[PDB]
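A lone chain, given as structure tokens: the form deposited without the ligand.
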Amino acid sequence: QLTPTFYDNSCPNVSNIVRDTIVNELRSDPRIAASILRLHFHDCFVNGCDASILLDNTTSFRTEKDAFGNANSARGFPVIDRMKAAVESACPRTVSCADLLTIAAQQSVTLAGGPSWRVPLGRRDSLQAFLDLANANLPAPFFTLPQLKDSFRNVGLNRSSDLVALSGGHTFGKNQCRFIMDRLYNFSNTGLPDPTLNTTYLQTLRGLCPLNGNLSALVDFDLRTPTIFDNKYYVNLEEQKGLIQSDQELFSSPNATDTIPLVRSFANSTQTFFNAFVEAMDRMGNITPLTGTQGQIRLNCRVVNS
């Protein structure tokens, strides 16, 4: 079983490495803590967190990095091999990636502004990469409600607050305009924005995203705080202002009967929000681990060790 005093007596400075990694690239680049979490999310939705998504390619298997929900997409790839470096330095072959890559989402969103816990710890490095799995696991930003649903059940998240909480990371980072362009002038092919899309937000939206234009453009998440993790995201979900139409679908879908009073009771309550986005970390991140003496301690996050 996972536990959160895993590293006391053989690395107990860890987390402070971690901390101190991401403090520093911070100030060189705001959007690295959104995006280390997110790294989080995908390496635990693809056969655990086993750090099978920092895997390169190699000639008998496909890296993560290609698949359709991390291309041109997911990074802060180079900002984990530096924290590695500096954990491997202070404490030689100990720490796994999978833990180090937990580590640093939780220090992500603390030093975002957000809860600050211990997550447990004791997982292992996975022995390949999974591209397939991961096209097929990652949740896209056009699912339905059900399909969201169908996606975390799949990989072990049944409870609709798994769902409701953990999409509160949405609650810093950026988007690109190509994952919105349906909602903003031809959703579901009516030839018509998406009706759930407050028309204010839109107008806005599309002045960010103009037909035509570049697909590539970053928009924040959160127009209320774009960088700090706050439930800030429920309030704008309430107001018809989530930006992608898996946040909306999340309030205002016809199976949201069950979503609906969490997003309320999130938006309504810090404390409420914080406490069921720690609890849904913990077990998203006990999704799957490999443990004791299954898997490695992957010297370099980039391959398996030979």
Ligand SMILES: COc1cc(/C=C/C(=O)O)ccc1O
Given for the second form:
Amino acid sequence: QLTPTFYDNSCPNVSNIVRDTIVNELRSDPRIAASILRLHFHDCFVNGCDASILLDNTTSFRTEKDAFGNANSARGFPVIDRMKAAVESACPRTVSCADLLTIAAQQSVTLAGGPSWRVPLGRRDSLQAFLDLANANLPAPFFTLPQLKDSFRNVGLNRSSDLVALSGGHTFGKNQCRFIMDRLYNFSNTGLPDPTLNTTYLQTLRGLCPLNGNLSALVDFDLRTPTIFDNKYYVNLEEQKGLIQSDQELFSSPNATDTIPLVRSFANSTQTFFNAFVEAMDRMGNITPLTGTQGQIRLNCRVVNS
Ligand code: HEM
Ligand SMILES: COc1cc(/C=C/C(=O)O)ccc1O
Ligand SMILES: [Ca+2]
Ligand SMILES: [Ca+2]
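Given the form deposited without the ligand above, I would also like to look at the protein as it appears in the form solved in complex with the ligand.
Entire complex below, previous chain first.
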């Protein structure tokens, strides 16, 4: 069983070292907290939270970094290397990369103004990476609500509260124009914009992402508070201002009978959202972990030991 006190004796300062690393990085890269939370999410949705995502290429298996959901998209890997080196200096061969990334995600959320809690610990590191599984398992921004639900259920998160609450991770961070071009100019081959996108916000998005423009340009997920972890993401959805298709479907999909009340509940109360986010985060963090003597305590998160 995973437990929050796992390193209370072996590496009591692990959480603090992780925190200090993120604080320093945030001074030069204000997007890093959002980037780290996403890394943990992509780790957990592929063979569980086993740091498989941190592995680089080898001649026997391809890195998950080349998956459609990660390539020219996932970021912050060197920052994970920095805190790992610091933790290894403070407590040699003790903290797994899987647990380190889980802590980084939680500390990232707290530093951005979100809830503060102690994550269950005790996860161990995979001995391989899973590119194909990553391409099959990571949900896409163009998914319909049924597909998003199918995506979460496939990795073990059956509750609509898991989907709605974890989607709140879009209360901060960036998204490329590439992923909303269809919503802005030709949604589902209709030759028209997505009708569930607020018309006033549509004009704004079109100015940031003009047709034939730089598809890699970045746009904020939350137009209210771009870098603050709060419940404003949900207030946006209620106004048809979710950024990507998968955001707005939580509230506008014909299959959203069960998600609509959750969106409203989280938009109405910070406390309610925060509680559900912690709950959903720990459930996602509990997806098929390697524990005990399974896997290893990777010394360099990029490669398997020796
Ligand atoms: C429900 C399905 C989800 C879909 C389809 C989705 C879609 C997206 C897309 C397309 C991006 C933009 C990437 C880019 O432009 O390079 C992204 C960014 C992000 N996502 Fe999600 N996501 C999902 C769930 C989540 C979850 C569960 C979390 C965390 C709990 C998360 C955290 C983030 C963060 C923080 C960013 C910004 C990262 C950065 O700015 O570096 N996402 N996601
Ligand atoms: C970031 O996530 C994704 C990106 C793509 C990109 C496809 C393309 O460029 O053709 C597809 C699916 C994803 O889940
Ligand atoms: Ca993984
Ligand atoms: Ca916000």
